[PDB]
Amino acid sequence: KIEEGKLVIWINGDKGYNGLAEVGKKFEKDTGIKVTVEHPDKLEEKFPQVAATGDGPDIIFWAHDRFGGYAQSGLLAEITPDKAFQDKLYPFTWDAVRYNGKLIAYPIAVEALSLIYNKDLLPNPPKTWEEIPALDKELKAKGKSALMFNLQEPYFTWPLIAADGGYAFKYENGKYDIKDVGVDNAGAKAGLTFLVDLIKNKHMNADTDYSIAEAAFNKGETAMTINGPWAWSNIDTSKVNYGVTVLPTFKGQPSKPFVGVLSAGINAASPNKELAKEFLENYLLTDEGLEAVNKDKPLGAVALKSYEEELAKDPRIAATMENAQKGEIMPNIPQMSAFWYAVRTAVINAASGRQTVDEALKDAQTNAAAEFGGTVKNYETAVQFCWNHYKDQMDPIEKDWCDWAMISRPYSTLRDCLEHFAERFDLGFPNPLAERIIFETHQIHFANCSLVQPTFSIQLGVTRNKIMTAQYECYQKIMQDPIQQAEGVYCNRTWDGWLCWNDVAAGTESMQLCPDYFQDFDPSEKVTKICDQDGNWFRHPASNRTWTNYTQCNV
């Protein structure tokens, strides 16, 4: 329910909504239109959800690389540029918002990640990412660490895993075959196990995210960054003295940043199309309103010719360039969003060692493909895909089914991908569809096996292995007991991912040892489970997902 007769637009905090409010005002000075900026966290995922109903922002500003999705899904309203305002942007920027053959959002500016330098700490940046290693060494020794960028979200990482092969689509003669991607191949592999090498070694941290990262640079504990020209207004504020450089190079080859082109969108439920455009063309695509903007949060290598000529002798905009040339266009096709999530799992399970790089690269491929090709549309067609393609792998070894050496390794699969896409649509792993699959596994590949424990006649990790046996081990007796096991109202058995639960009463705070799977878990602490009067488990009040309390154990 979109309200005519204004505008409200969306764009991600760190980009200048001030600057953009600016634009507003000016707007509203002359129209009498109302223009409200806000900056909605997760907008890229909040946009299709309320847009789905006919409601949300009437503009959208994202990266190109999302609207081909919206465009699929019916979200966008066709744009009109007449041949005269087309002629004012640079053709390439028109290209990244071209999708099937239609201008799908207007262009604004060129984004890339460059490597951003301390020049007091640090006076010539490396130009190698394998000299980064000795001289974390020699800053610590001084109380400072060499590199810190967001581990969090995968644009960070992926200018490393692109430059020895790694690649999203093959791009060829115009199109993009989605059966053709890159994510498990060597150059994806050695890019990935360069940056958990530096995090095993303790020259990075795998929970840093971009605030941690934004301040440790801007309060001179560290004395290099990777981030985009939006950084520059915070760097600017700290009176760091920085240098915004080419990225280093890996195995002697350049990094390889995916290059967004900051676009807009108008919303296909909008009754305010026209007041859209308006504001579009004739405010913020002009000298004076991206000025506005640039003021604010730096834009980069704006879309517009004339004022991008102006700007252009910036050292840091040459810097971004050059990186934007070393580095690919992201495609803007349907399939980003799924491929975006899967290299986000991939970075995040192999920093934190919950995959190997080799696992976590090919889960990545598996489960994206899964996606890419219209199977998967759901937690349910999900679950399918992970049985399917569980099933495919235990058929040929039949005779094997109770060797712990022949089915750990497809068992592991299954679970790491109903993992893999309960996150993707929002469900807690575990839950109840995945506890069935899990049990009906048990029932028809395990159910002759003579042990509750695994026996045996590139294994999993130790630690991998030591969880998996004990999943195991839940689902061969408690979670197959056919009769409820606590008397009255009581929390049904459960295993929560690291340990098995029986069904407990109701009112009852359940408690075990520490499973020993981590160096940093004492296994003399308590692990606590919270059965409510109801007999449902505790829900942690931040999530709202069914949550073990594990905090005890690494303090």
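Residue numbers count along the first chain shown, from 1. Take the two forms, superpose them, and find the largest set of C-alpha atoms that agree within 1.5 Å; that set is the rigid core. Compared with the form deposited in another entry:
The only C-alpha among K391, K140, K179, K305 that moves by 2 Å or more between the two forms, given a superposition on the rigid core, is that of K140. Annotation for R354: C-alpha shift of 2 angstroms or more between the two forms, rigid core superposed. Taking the rigid core as fixed, one finds a CA shift for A77 smaller than 2 Å between the two forms. Here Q325 does not count as shifted, since its C-alpha moves by less than 2 Å between the two forms after the core is aligned.
Switching from the form deposited in one PDB entry: structure of the form deposited in another entry?
One chain, no partners, no other molecules: that is all that follows.
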């Protein structure tokens, strides 16, 4: 239950929460109502989980893109500002929080990514992405790098991916057709290729995250980064001589950041909706409230016209809005959660070399579409979707079901799909439903094959082929040999994701050599797996998932 007579507010950890707490202080002075500001990790995910049970904060801040999904889930109160109040904010900021014709949140501020550069290293920053390699080469000669930014969140890579023609959905005539998706298209491929080539050529590192990029920039090690207005405070503290400017072009077209409007929604389960409204309209959305938050971490271009006017001469804000005009306002529709998850997965897979750029985008769009059109809304529907595609691939090739060359790609894609959706729905992998599905293929497709091992009669890459061949062998072996012939309590034979483990007696630590799947695995080091005193494979207590110890493979 949410407690009545106070306000709990959630906001992300990169924003000015200390400044927002000072606004809370003013509210409590006047009204006696205590305002607590929190910044949980993964709050955009945590909000719908706790609010679904009628719990959570009274007020949730995020960019507007997540809010339609929240509204669809019944988690948000419709807000009711009057005409006089609406007039105090820019019409286009209201449009960002308008979903099915209703206002679902209060708009706070317009955010867009810019190119941030170190004037002491690079007084004339590059106008194009194409000149960044040669520039990095020069800088590396001096112990510096050209560019570091957060590669882990697709927000930061989308500007490049969109530049030459990637898009989420197109807003035409007031509507979004969620069947027309621009993730798997030539322009997205060109921009993602360019990003991947930067990594291949060691101009960037696939592991770079927010904290690493911020620290490299703020220490003077990298001449450029990509970030939003919230980041300028820490730069100021570091005393780097920086400029904020237009993002580089790609193939002669602007980088297109996805523009967010920091927004504040009211939990449908709050017993304090009136207090929340008062706080938001009469304390936060005033020149004085917004100043308090902005002084802590810059907001960007605020939605309140009076304060936006006061700050409009900041060249950093001007740069922010020039980038915003080149990009596109994010949709607020429910499909955004799946869109972002898709782009994240594509980028991670392509940047690591796990998939080609073409395969990464193609799979990302396929699995996103499954959610966008409502076919897949949970793991049970996901598994049905993965199986149905697999069946469609296997049915016409029946005479070749025992030929690894014909079935390897369908079988690998089956696992990619089952595992994608497990991660998506916060489940482990392997898991019992996915295992049931894999056993089913062994039963209906592979039962006439003479061998436990896969055998022959585009193909998978080296690593994937090694993993999938081992997987197939493992399931076939379980099918062959269900029985335990010895007396006693035994863990059963099992596939852990990477390796097959024989049945063993309760209270055994089984050992095998590290698999030769990865260039950074030592195939002379050991993998261990514990079969507990009750005959159950050990589960890691941090996750409660059955867990093999690969920690020594990698050292």
